[PDB]
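4 protein chains.
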Amino acid sequence: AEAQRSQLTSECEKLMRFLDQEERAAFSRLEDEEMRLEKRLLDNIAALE
Amino acid sequence: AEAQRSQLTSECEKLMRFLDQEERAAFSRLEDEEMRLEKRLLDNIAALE
Amino acid sequence: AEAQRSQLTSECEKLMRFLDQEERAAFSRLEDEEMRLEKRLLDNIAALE
Amino acid sequence: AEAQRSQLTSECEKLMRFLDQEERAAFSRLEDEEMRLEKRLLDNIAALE
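Residue numbers (the authors' numbering), protein chains in the order written: chain A, 174 to 222; chain B, 174 to 222; chain C, 174 to 222; chain D, 174 to 222.
Honestly, I wouldn't trust all of these hints.
You can't tell identical chains apart in this list, so a pair holds if it fits in one copy or across any two.
No farther apart than 16 Å at their CA atoms in a straight line, the calculated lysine to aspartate or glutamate pairs in the EDC-like style are these [stated by the list, open to error]:
| # | residue 1 | residue 2 |
| --- | --- | --- |
| 1 | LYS187 | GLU175 |
| 2 | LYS187 | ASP216 |
| 3 | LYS212 | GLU186 |
| 4 | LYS212 | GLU195 |
| 5 | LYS212 | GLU175 |
| 6 | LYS212 | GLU184 |
Note that these hints are calculated values from the structure, not bench results.
Taking the hints into account, I'd like the entire structure generated from these sequences.
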């Protein structure tokens with residue numbers, strides 16, 4: 174049982190850490206797109222008068 | 174000139190606030206997708222033995 | 174054993190969901206502080222000439 | 174006037190980009206703290222039986 178509980182707990186941790194990395198990267202990528210969005214909009218507004 | 178500077182500054186602020194809202198919503202939506210991702214993966218792992 | 178594995182898996186899920194909520198709230202709160210930061214800085218810059 | 178508008182627009186852009194960097198870093202740092210939080214909690218739960 175302790176064998177199981179030790180294993181299932183460590184599986185939980187590994188799962189959570191994997192998801193943390195995937196999520197941290199997905200964030201970075203969103204921030205990248207948002208910065209491109211801000212640039213286009215600022216330029217589009219500057220061009221209008 | 175002061176008329177301009179007052180106007181262009183306020184335009185900056187409004188732009189930044191708009192982008193803040195759009196970005197805050199895009200975040201929420203990402204967090205939603207990530208939670209669905211975690212659920213599917215956890216279920217897929219639980220089903221394997 | 175299946176009793177254990179079912180229980181430990183569900184504990185994993187509940188832990189992950191709890192952390193998801195706590196983290197989503199911590200984000201919201203950061204975004205709040207960042208918006209206050211942008212306001213102060215914009216005002217401080219506008220005041221300088 | 175065009176001199177002003179060109180300058181104030183570029184100031185807007187630089188401000189927004191600076192805040193983007195500061196904010197992206199503040200995020201990274203939060204994600205770091207959250208990962209430490211998850212580790213402590215998981216360990217604290219594993220220790221209880």
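Now for the hints, and whether the structure bears them out:
| no. | hint | verdict |
| --- | --- | --- |
| 1 | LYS187 with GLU175 | neither (18 Å within a copy, 21 Å between copies) |
| 2 | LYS187 with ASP216 | between (44 Å within a copy, 13 Å between copies) |
| 3 | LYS212 with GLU186 | between (39 Å within a copy, 8 Å between copies) |
| 4 | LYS212 with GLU195 | between (26 Å within a copy, 14 Å between copies) |
| 5 | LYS212 with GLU175 | neither (56 Å within a copy, 20 Å between copies) |
| 6 | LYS212 with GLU184 | between (42 Å within a copy, 13 Å between copies) |
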